[PDB]
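Novice: For reference, the chains in residue letters:
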Amino acid sequence: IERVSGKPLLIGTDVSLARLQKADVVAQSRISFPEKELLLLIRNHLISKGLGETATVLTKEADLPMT
Amino acid sequence: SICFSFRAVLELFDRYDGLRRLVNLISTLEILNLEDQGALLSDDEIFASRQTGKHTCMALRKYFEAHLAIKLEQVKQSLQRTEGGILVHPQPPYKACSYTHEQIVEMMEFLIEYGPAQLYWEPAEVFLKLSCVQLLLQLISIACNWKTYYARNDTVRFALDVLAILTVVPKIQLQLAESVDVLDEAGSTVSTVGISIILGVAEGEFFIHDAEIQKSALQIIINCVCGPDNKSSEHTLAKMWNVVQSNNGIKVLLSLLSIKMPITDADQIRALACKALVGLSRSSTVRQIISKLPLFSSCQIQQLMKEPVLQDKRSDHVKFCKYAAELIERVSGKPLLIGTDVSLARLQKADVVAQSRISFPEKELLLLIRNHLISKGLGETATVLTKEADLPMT
Amino acid sequence: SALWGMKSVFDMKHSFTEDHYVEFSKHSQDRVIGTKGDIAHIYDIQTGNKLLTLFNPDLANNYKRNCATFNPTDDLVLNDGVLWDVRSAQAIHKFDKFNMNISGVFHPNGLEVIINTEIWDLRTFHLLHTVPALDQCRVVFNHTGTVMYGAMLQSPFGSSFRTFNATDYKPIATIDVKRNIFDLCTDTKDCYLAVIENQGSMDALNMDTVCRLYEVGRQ
Amino acid sequence: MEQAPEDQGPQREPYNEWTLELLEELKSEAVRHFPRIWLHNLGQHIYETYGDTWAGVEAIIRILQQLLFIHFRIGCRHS
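Residue numbers (the deposited numbering), protein chains in the order written: chain V, 813 to 879; chain G, 465 to 694, 716 to 879; chain D, 1161 to 1314, 1328 to 1392; chain X, 1 to 79.
No lab work stands behind these hints: they were computed from the structure. Think of the CB as a built atom: it goes at the ideal place given N, C-alpha and C, for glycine as much as any other residue. Hints may contain errors.
So, partial list: chain G residues that the calculated Cβ filter (under 8 Å) puts toward chain D [what the hints assert, rightly or not]: (1) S506; (2) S731; (3) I735; (4) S740; (5) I774; (6) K777; (7) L778; (8) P779; (9) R831.
Think about it this way: if two alpha-carbon atoms lie no more than 25 Å apart in a straight line, the pair counts; the simulated DMTMM-like pairs of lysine to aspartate or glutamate are [said to hold, decoys possible]: (10) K848/G x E865/G; (11) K777/G x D1256/D; (12) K804/G x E577/G; (13) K807/G x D826/V; (14) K1186/D x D1198/D; (15) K848/V x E847/G; (16) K777/G x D1198/D; (17) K559/G x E586/G; (18) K861/G x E865/V; (19) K1196/D x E2/X.
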């Protein structure tokens, strides 16, 4: 199964042939994302779990859309 | 058989004796009188008498095919009452027998299950006070073995269609087991329940090459096992669960779930087989029994991946997969309509992984937050994050 | 069927003209049961009368080879795949038919019922297990009840053996006996297998059926 | 120390008569389960090869009881 297909490197996952060409493309994809989509989640975490005296200090490092 | 379309014909029919004149024609018949079947043997009183019973089964068919649409008008207008209906009825003579047993006379038998649950037909109570569903059971049993082509294929095919329209009454499903006065191929008076005859027709032990008769048989089962959710009417469905399971039912349905010899309607027999299981797998005993059989060891998925007749692939094999996914859901740990890891060993994995209680301390995230913010340049909160929590690494 | 005598004098000490398969009672051997068709008769040995004939017409499975047996506590009978409490002549629980031939047997633990390939319970009546290698084979247990033997009854009959475990039903061995196995009995003291095998090809006109003794546990 | 029991069972001293008391009976059941085509043909096949010499007389009671056992063993109700 390994030789006639898209070369799984000895991982036991989705052994069917239609599911094998899925896992080649998903693993070799180039996932990227901007920094904003994380820093707004970092700030919305730190305000939530009480630890807030870096949140108004995080406004110094980046724009803050939501108070 | 043609004039039952006009509703004025049917109205005058019950104004006279009607089925008292019509059922008495069947109860006169000498092919059916087992006490007198070995007296007359000439071909004139047999070839015509096995034809007289043929046409009267079609007359009873076209009778109850019409009254099924008469009382459906008295349910879609009496219960809905403008909620999905229009109240326009000047009583015209109109042909409304719906004319399609393949699609819509089948469909009216399903949609009547939103009925009153205390249904009361004059076409039912006149039938059962005569108590000739036992007669119709005897019509099946005697016509099992003629082997001489007196159109006996049709004579049982019309006879099963008279049953399946009647079975929407709850009190007649109860009499598919009680009255047992029958006869079989031993040349001997025996006694057995009605369901075993119907399940026998579904197998192919009798009526060997016949195909529509099997689909006519399976409709009688589905009307008794795939009913409504609703101490008494639930007990009535459970009593039918107890009778259908007792008379070797679960062997038959698994045999029809892999039928391959009638390759034209092999898809239609399997979907009507699997719909009977999904109804019957709401019985508490049957949940455990079907859970250990080799249907749920493997090859349930292999009946849903081969796609045997590709002409019904977007038509009828896709609906066999619809009824079969509901059977996998019921006998297992309840996936809430998510298509994931459909195998049974992989299904109990996903129940535990989804219901686990994942927890983690706050430290394991805040050290990752700080190690991110120092990494991507934005560092004048990191020494401010030391104010909020201990920092192990500079 | 004839209850003979083997002390020193050989005589039909009681005679039956009816039953196709007679069988003792297991623990207290004073009872002999036998079955014709779907009707199973309980006999005594002392007087040979019919003690209690048990049958329910509303409930039988009508197996092809019905053989009513006893549990090792001498209280339950498998006639037609129906249990029977022999204290008051009543039926207990019909099973579901699946295989058209075999009416079942008791497992020596007194906890289960082995219909052809379906393993049942005696008090909860739940299908515990399903061993597909038990497809139409007659079963013989050890005297201790620790292993199950299997001989195919498929036309050929028994192209091999089938060695099973009595606890988890895991297959131990299928030793290939090239001839056709017709019957199989084992020791009480676990040393030999009495094996009726047929020589030649599958010939119904010429049958050379010999007995070949095996030894347990030797290469 | 096992003493095999004394054979005081049903003896068969008129073997020329007990055969005749049962060779009809071997024919009295094979016709009740099988057509007479093989019955006369196998009886002729041994009579061309064993004749009237008792070496077909017991030998047909061999072959008939060897088939009527296995035909009640393979799983045919009559045949």
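Novice: All the hints need checking, so say for each whether the structure fits it.
Specialist: These are the hints, each one checked on the structure:
1. Taken as an interface hint, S506/G does not check out: its beta carbon lies about 37 Å from the nearest beta carbon of chain D, beyond 8 Å.
2. A distance limit of 8 Å between C-beta atoms decides the matter here; for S731/G the minimum to chain D is near 6 Å, and the interface restraint holds.
3. Satisfaction of the interface hint for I735/G is found here, the shortest Cβ-Cβ separation to chain D being roughly 6 Å, below the 8 Å cut-off.
4. Because the beta carbon of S740/G sits about 10 Å from the nearest beta carbon in chain D, more than 8 Å, this interface hint is broken.
5. Taking 8 Å as the C-beta contact cut-off toward chain D, the hint placing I774/G at the interface holds, the least distance being around 5 Å.
6. The criterion of a C-beta within 8 Å of any C-beta in chain D is met by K777/G, whose closest approach is roughly 5 Å, and the hint holds.
7. Look at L778/G: its Cβ gets to within about 6 Å of chain D, closer than 8 Å, so that hint holds up.
8. For the restraint placing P779/G at the interface with chain D, the shortest Cβ-Cβ distance is roughly 6 Å, inside the 8 Å limit, so the hint holds.
9. Look at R831/G: its Cβ only gets to about 20 Å from chain D, farther than 8 Å, so that hint breaks.
10. Of the pairs offered as hints, the one joining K848/G and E865/G holds, with about 20 Å between alpha carbons and a cut-off of 25 Å not exceeded.
11. Of the supplied pair hints, the one linking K777/G and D1256/D holds, its CA atoms being roughly 13 Å apart against a limit of 25 Å.
12. Taking the CA atoms of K804/G and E577/G, the gap is about 21 Å. The hint holds against a cut of 25 Å.
13. Distance check on the hinted pair: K807/G and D826/V sit about 24 Å apart at the alpha-carbon level, within 25 Å; holds.
14. For the hint pairing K1186/D with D1198/D, the CA-to-CA distance comes to about 21 Å; that is within 25 Å, so the pair holds.
15. Of the pairs offered as hints, the one joining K848/V and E847/G holds, with about 23 Å between alpha carbons and a cut-off of 25 Å not exceeded.
16. Proximity of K777/G to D1198/D is assessed by CA-CA distance (about 28 Å); at most 25 Å being required, the pair is judged violated.
17. A distance of roughly 21 Å separates the Cα atoms of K559/G and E586/G; the hinted pair therefore holds under the 25 Å criterion.
18. Straight-line distance between C-alpha atoms of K861/G and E865/V comes to about 20 Å, which keeps the hinted pair within the 25 Å bound.
19. Restraint check for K1196/D and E2/X: not satisfied, since their Cα atoms lie roughly 34 Å apart, outside the 25 Å limit.
In summary, the structure is inconsistent with hints 1, 4, 9, 16 and 19 from the numbered list given earlier, while agreeing with the others.
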